[PDB]
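Just the one chain here, the form deposited in one PDB entry, laid out as structure tokens.
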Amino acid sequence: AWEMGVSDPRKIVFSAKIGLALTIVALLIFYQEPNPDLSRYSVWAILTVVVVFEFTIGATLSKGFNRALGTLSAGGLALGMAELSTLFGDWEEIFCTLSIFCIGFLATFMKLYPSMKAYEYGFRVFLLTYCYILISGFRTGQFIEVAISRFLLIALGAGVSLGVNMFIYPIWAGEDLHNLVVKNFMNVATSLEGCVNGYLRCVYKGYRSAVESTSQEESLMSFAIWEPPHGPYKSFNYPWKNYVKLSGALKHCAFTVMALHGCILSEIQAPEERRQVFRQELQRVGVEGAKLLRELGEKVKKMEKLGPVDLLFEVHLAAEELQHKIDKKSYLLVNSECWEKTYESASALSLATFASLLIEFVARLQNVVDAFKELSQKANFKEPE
């Protein structure tokens, strides 16, 4: 509560902004000219305020657009059907209930398509609007004024919500994707160091977050294309997709770290005295990889180009040293007596797996640098000092 608000003060301004918009609309309702008609449906502007206030600008715009589409299409259909029903003078309510059944069937079937799972909020407003408009206009006609009057209040509430959200300490979604990339870049290096240290002893959140955030970064990329230029991101079509390409290149590397972590939890393990022979070569690779990943993260954070010096020299040298060391002592991994128990042989063979997975990670490192170079070319990154 108090602790969570203290740690993140972004969540205490949003609640106050929502309260401020609600207070504004409440005052505008309470202090108004005594017009008898609207006081029976003036409660709609505050429900619109409650329903259309979202955390980010891009989400607000995109979901308001979808809700408006649904409302307007449902209203058009309801008006058309109500106009048509008059022909069947003897059976008007029968026709209305038969239209309600069919529309409810169709609207419920079309929302169960798996590819429309993220738009379930826009299929509810369609059915609500159709049913409300059809049932509320049956008596005494009055179909076309039970729509304009209740749509103008919705417009007013949406305008108030948009103004308050957009003109007072706004939160953007592109700066959230920009920060998420940097966080993943640091988590992966922490995980790698932890795994190597744990194996060499006499880790999970990092690669888990680096391998389980594809949908978060895609929702964030779908919210960031609605927002206008601001701050450092001065351009009409900012390439938000190259960030996702870099994230995928990094996740491909994180898979190997996940396999290395799985190596520790294995039922079959190698003796300690055999592990201790390769300590320094195994540790140097992890040190160099962590340094490279942190350097790439810092360069991404400040929007800077790569320098002239090669970044993969040291880790490649360490990997070649590791290969030479493995070649020199390969007689500890296999047994030559049987050349032409089983648990001991499996334990002896289980160390080559760890070494080969480390070498595979080092080999995979280069796609990330290629993707970073492409992204820094697409967006105008500053020349390094």
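We call the rigid core the largest set of C-alpha positions that still match within 1.5 Å between the two forms. Residue numbers count along the first chain shown, from 1. What changes on going to the form deposited in another entry:
- Summarising the superposition on the core between the two forms, the listed residues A352, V334, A346, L47 contain exactly one with a Cα shift of 2 Å or larger, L47.
- Relative to the superposed core, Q32 undergoes a C-alpha shift of no less than 2 Å between the two forms.
Output the form deposited in another entry next; the form deposited in one PDB entry has already been displayed.
Chain alone follows, minus partners and molecules.
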């Protein structure tokens, strides 16, 4: 309660905005209209204000658009069917009751496909409006008054939500994508040092969050293409996809840290005395990789270009010293006695596995650097100077 409120004040502003929007969609009902029935059709505005008010502006825009489309398509369909029913007499309330089964079946079948998982609420509003329009106006024949009334109540319930969301302390999805891209670099940098220290002593979230967030970055990128230009992002087509490309480049490197963490938790291990012969080189490689990842995160946070100097020189030299040391003491990994216990040999080879994995991690960084250069060039970052 109070702890979460103090930690993040964005959710108290969100809750107060929802309260304000409801209090307005209620004062308008009380005073702006004295009609008796006006107060029974209040559910078509409250459902709208409870289904379209979202955390970000782009999600609210998308949901509003979808709801409008659904309602209009099903009001047109309902009107057309109600007209066409009269053609054959005596078949009334039977040819209207045989179309609800076919519309509900087509709607559900179309709603269960995997591609259409971002329109789940416009199919429900389509079915609800079709059935309501057909059933309500059957006895009296008045279908257009019901259609128009309900549509106006939905635009009256969606425009106050959009105004309140956009004008009182807006939250943007593009800035959330920018901050998640910044955060992943630090999580991976912490994970690598955690793994190396854990293996050399006498993590999970760091690589999991980067390896388990592609969907979040694709939804945040689907909401960011709806928002108008604002703040630091002034072009009319911001390259929001190069952020996803850089995030994927970083996930490809985080899979090796996941494999090193799995190397720490194995059934077959090596004697500590043997591992303490390579401590210096491994600690150097870990320090250099953490420095590089933190420098790339800092340069992405400030929207700056890369300098003239090469950033991978020191990590490359550290990995070359590691290779030289491994070449100088290779007699502690293989059994030289036999040359033409299984546990002892597996314990010996688990150290060569750990070293090979660290070298592969150091070899996968150039792709991340290239993706960063491409993003810094398409997004017009400023000169480091």
